[PDB]
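Participant: Chain by chain, the residues run as shown.
Protein chains: 2
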Amino acid sequence: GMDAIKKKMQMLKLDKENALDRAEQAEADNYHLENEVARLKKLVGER
Amino acid sequence: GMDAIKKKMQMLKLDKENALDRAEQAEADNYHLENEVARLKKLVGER
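Residue numbers (the authors' numbering), protein chains in the order written: chain C, -1, 1 to 46; chain A, -1, 1 to 46.
All the pointers check out, no bait thrown in.
Here are the simulated SDA-like pairs of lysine to any residue, each with C-alpha atoms no more than 20 Å apart in a straight line: (1) C:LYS15 with C:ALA3; (2) A:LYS40 with A:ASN29; (3) C:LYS5 with A:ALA3; (4) A:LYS6 with C:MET1; (5) C:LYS5 with C:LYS15; (6) C:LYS40 with A:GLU35; (7) A:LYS12 with A:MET1; (8) A:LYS41 with C:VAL36; (9) A:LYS40 with C:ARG46; (10) A:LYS5 with A:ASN17; (11) C:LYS40 with A:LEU39; (12) C:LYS40 with A:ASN29.
It is worth saying that the hints were derived from the structure and are not from the lab.
The shape of chain C in the complex, shown without the other chains:
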């Protein structure tokens, strides 16, 4: 009924928010990892 579908919509919003947080965290980690790869590339040298 109404209450069940309203709850399912609630849980989907939470699922979306969590997925977006997950994406943002991964993209932030990516930023740092790009820096770290660049740092180590400079130590090893050109290639």
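Given the coordinates of chain C, work out where chain A should sit on it, guided by the hints.
Facilitator: Chain A only, in chain C's frame:
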């Protein structure tokens, strides 16, 4: 009410899926980057 609710849940689901896609692809890139960090750290001698 219930008809509009189902329609909203559809948009939320598209939203959730798009974010999950962003997350999975950011984490895939991170896996790649972490493997490169490991390879380069081994060459250099870093922890």
